[PDB]
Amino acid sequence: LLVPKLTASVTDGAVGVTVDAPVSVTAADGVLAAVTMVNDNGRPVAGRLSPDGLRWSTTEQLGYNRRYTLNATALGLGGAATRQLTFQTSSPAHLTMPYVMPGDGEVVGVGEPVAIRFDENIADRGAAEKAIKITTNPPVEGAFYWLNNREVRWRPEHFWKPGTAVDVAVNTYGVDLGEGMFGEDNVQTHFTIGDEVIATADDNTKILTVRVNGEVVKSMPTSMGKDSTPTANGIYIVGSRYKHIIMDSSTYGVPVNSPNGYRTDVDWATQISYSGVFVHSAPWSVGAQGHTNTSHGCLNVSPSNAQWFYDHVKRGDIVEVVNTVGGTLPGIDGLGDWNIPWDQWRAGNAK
């Protein structure tokens, strides 16, 4: 008769054991009679033994910088076997917490990229991407692209199809993100794509036309950026919306007391770039709207049209500006992702 065999997922004396996966023990030619795992302090980890008694596994999160001791005994018809193993888990120099947008259970527009922002610079971008699992339904090709050292975005080639489920599991706990930086925790979010809403601002007509699934539902006279501070052409993703907000030029780099500086309270503001472009209420320019550009770059519209926009446009909806004397909105603006050519985005920039 054969003596029971014990196999563990870790080796006695191991160091740098990653904590992204459970620790397990398996018996062969017998079953597991006793398994305990204990940290340096003496506290048990505990986990669960399978019903057939063949596999034990931890069931809670294992900690960084721990010395664990595993003790296991297997019993079989042919006798007994016991083993003791001590190992040390990863010791991070730093932890980083990821933050994901959009919010869990949200419904968003067809332009919304998956956004994962880390609170620390990521030295190994590849390791981060590999730890992020995106499920789409219906399935669609997409890719990762970094806007800066901390935030990565994922999107398809073209605007999402309405009705698409998107699931984002950021599995960075126990993952080495480079230079001793490990993930502080896992995060998980899920969202759904809603109606196709695209609003086009044509500088030739100075009308902002809102299309819902192809049909015009609103036509808003607008005043865009005056020639000296023009509105950039391109595709903008709708971000946050505000019943009212103080626009502070210093937020976007420009001292208030300077020529292009400003600090003004405005109503019904919908953000469409990080660089500070908003659709908002502009009572002072209702006579210019539909005729001449007078703003610092914002899409000035009437109070009721700004409120309409606030009520009817959602995060991830699309604003496209065309035929202005500006250039093109930067691809790495923060809400300019769609202006990056697919061949470039798809190639990514992890290295």
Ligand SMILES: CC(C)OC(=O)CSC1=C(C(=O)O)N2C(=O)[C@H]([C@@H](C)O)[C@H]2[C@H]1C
Given for the second form:
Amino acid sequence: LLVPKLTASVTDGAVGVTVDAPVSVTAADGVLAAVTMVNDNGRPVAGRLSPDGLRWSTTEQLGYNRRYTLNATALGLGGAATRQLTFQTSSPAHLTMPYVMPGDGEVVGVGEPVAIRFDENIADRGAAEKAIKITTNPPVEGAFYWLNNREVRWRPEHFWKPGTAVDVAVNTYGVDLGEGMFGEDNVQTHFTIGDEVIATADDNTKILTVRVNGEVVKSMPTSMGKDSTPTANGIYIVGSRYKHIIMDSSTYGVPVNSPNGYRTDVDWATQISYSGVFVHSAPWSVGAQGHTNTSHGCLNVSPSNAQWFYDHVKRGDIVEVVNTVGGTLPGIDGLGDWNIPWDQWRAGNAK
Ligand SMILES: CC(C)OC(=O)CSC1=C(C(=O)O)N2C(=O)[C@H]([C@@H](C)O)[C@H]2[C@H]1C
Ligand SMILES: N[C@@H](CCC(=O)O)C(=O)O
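Given the form solved without this ligand, state the structure of the form deposited with this ligand bound.
Let us now look at the entire complex, which starts with that chain.
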């Protein structure tokens, strides 16, 4: 008759044990009679034994900077075996928390990237990417691209198909993200792609045309950026919307008392770039809308058309600007992701 055998998922005396996974113990030639795991202060860790008695596993989050002692006994027809193991878990120098957009359960437009923003600079971008699990249904190829040292984006080659489910699991707890920085916790969000809404602003006509699943539903006269402060061409992702907002140029790097500075209260404002471009109500320029460009870059429309835009456009819908005297919106603006060529985006920038 054989003596039972105990096998744990950790080794006695180990250090740097990662807490991204549970601790387990298994028995062979016998069953587990008792397993306890305690903190250095003596507090027991929650765990559960399988019904057949062969496997025990922790069932609660294990802590950073802990010394745990595991005690296990197995019993079989051939006798008994007992082991005691002590190990230390990872000791981070820093913790970073991820924040994910869009919100859980949200319905968003066909331009919405997955966005994961860490509250600290990430030294090992590849480790962060490998810790993020994206599920799509219907499945579609996509790729990660970093906008700065803290925020990574994931998107497909082309705009999302309406009706797609997107699941984002940021599994960074216990993961070394470089230079001793570990994830503060896990985060999990899910969103769904709604109707295709693409609004095109053509400087040749000074009309902003809104198309919903390919059909024109609204044609709004607009006044875009004057020649000295023009609106950049390119693809813009719709962000936040405001019934009213004080637009402060200092938010976008321009002092208010400077030649192109401003501080202006506007109604019905939909943000389309981090650089400060909005679609918004402009009662002062209704005469120029559809005729001449007068703004600092914003898409001026009538009060009723700005309210319509606020009511009918959602986060992740698309505004495309064409034929202006500006350049192209930067790919790393924050809402300019689609201006990066797919070959470049797909290659990534983790290194
Ligand atoms: C994931 C992408 C697609 O969008 C979002 O994270 C939404 S956060 C929000 C927007 C916005 O209109 O989207 N921002 C600004 O302007 C702020 C910039 C200047 O820091 C941020 C903040 C107020
Ligand atoms: N708004 C600018 C300065 C504007 C001003 O000239 O008063 C800033 O504080 O960055």
